[PDB]
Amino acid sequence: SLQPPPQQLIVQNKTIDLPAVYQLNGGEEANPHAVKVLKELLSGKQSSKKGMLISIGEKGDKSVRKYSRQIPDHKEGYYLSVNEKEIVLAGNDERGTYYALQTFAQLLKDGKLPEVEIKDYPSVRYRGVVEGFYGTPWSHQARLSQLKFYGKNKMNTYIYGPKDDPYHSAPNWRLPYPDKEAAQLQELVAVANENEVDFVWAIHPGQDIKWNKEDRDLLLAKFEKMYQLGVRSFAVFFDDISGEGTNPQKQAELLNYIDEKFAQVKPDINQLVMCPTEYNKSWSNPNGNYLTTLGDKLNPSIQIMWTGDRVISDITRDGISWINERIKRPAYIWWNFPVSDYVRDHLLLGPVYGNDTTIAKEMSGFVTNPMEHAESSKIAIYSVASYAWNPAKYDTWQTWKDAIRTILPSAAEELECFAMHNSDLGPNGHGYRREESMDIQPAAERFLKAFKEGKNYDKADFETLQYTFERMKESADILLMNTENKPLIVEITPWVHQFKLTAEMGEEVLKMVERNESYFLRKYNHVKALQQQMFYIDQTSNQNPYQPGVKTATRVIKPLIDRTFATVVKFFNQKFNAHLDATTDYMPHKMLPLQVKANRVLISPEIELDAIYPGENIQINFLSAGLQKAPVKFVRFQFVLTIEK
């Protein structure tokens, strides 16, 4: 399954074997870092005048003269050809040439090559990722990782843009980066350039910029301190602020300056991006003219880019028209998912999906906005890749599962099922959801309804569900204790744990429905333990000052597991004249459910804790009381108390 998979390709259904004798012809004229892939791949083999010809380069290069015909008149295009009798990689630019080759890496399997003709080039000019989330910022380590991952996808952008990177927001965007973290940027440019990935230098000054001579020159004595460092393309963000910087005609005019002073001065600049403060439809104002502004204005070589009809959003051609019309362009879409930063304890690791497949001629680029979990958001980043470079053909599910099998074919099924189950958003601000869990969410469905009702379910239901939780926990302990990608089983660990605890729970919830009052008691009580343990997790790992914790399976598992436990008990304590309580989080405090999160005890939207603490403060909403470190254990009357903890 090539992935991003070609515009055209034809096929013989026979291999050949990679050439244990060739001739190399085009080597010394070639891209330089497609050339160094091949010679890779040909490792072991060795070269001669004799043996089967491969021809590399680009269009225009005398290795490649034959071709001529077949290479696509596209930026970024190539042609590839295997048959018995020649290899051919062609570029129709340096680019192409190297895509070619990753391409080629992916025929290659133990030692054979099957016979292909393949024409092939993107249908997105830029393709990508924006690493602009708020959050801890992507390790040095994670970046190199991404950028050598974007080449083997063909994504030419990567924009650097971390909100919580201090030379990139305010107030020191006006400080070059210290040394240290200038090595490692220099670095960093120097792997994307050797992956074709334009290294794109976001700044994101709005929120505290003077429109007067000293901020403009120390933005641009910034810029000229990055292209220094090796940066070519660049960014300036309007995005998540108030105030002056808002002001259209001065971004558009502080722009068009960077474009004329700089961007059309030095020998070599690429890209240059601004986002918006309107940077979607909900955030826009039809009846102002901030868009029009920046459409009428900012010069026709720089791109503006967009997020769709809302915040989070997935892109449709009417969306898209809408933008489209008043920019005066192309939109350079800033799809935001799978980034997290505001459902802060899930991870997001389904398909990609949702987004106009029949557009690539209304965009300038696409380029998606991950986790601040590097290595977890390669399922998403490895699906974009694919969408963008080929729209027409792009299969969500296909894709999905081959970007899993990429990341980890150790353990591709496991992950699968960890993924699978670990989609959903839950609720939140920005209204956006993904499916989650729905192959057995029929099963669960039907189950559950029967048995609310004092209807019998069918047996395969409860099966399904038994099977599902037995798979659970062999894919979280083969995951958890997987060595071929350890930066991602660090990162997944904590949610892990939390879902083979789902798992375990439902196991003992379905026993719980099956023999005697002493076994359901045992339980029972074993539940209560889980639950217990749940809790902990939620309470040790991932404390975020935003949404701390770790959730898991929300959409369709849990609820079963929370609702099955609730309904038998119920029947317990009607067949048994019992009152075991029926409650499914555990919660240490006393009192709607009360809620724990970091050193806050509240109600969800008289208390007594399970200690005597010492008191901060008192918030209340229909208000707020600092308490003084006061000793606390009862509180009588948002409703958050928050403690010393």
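Residue numbers count along the first chain shown, from 1. Whichever C-alpha set is largest while still superposing within 1.5 Å between the two forms counts as the rigid core. Compared with the form deposited in another entry:
- Fit the rigid core and compare the CA positions between these two forms: of 312, 443, 87, 218, just 218 moves by 2 angstroms or more.
- In the core-superposed comparison between these two forms, the C-alpha atom of residue 161 has shifted by at least 2 angstroms.
- Relative to the superposed core, residue 174 shifts its CA atom by 2 Å or more between these two forms.
- After superposition on the rigid core, displacement of the C-alpha of residue 427 between these two forms stays below 2 Å.
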Second form
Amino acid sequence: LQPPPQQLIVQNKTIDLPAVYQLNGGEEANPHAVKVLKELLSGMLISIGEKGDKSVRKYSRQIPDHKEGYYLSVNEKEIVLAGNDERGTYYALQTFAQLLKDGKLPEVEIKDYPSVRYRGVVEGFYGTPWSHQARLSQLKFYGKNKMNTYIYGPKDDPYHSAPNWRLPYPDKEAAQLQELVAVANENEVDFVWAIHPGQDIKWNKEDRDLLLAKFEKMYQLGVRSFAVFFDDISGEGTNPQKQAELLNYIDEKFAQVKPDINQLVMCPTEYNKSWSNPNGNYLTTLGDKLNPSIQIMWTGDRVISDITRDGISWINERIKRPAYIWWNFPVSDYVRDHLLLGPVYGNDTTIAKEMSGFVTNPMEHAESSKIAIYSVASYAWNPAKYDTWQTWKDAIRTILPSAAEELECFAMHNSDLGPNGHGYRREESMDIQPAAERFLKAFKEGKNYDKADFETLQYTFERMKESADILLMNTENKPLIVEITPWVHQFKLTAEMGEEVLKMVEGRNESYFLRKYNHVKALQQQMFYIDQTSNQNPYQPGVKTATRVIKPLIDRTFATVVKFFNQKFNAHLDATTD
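Got the form deposited in one PDB entry; any chance of the form deposited in another entry too?
Coming up is the bare chain, nothing alongside it.
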């Protein structure tokens, strides 16, 4: 079960999904939840509803008193799916669908609710914006994983940024947004429309209600949640009193005047500790003057950082509310030549009460981002039960059941950022790291390497090639495969290089060695070709893979083995990989 319930009792028996059922509550439970339920089955009583519905009266003491909470029960005589509110019943069904395997249900009893109020994704990365279809797919994935939040803002959409923010959406674009909003609604996600006025806004009555008027227009289109960004604001616009006053005005005239506005969030100009002036008074001012119903976004101690108890105390003390965390992972828009497919880890698991929200900023690779996104959904719903490694594997098995082992193999070796401008790193290839390290230490001093570590490495390379070739031809998730194809090609080429280098280590004779050596040089050059021709971008063009442990192991083994050959046969073979 992902995310894992707050409370779960499994009774060790298993019942059949009823051949014949009595559906009680179908006309008064959340229609989004009923829709899912009716999809799941084509007599035994099944009761669906929210606290206060007639249909769930019997079980209202079992329904948790938390927003988005629910009670779920399965046993011999009946099935209960009962939310504390509408979204909660929908969340009951997302768990129910995960329990239902081969027409059979386990006998269980669940009491569940989220530890973090707002959970989901911010579309805030640089690079090729996601397509329309990518976003419809993301929205459905958020619903399944009980993420309640999507902060919109594609960079090819000019009507949320300076200067066309003042201007309303054109007809054809409007209807597309409208489709996003509708799909979000259906999946119980708050479509949060973010405005980015900072670049060209003035503190005067005119810009003041061009914003209001814009929000109203967005309201007519179905938008029920809103964000305002000040990260990019300049000059007098960095005044926290002026910012507070604008947002409070938006709160007073709009958020509190409308019946059904959910989220209202702002991004401050000081959005991490290291970009905060110690002598200034930006955040305390903002925290004193901003209405209490308005969230303040925060990335932690640095632009890229994992959230700690000290970090969250330091900010919460100043804005006088629990920070709304923006986590800059797996976003790779500053290491564009890397894919970040590793586990999600580093965030403190005891600090749920200290955060109002937790949203991840993903990659420009929408589908490849689902691994971290699923993990974040799991962390933010139940941090205290959060299992990094198990959640990673579940995500992979969920995203690509037909080739889960292959995707795991691939992702294990595509997780580190490599060295970069934020100094942010992730672990990679941990499984084979000790075998690598030993081999490298031993071999380098003509002191025998272990046969078992040689075999581990051989085994790895063989497995990488199989994984790579299976992944290329996989048709269960074509969008995913299209995103990762350049890296998969490069990852395969890496595996081949490693195999040929290991045949150089086992050097049989002079002729065979030179054959292997020429093949490695040719393979290097194919890697360079892909790096010069795929994923070209002004910032970090190209395709890097297996960069933490595996490629340095291969480069060094190659450099070393060529050195020994130059010594033994008086040759001058090039020993570089550069």
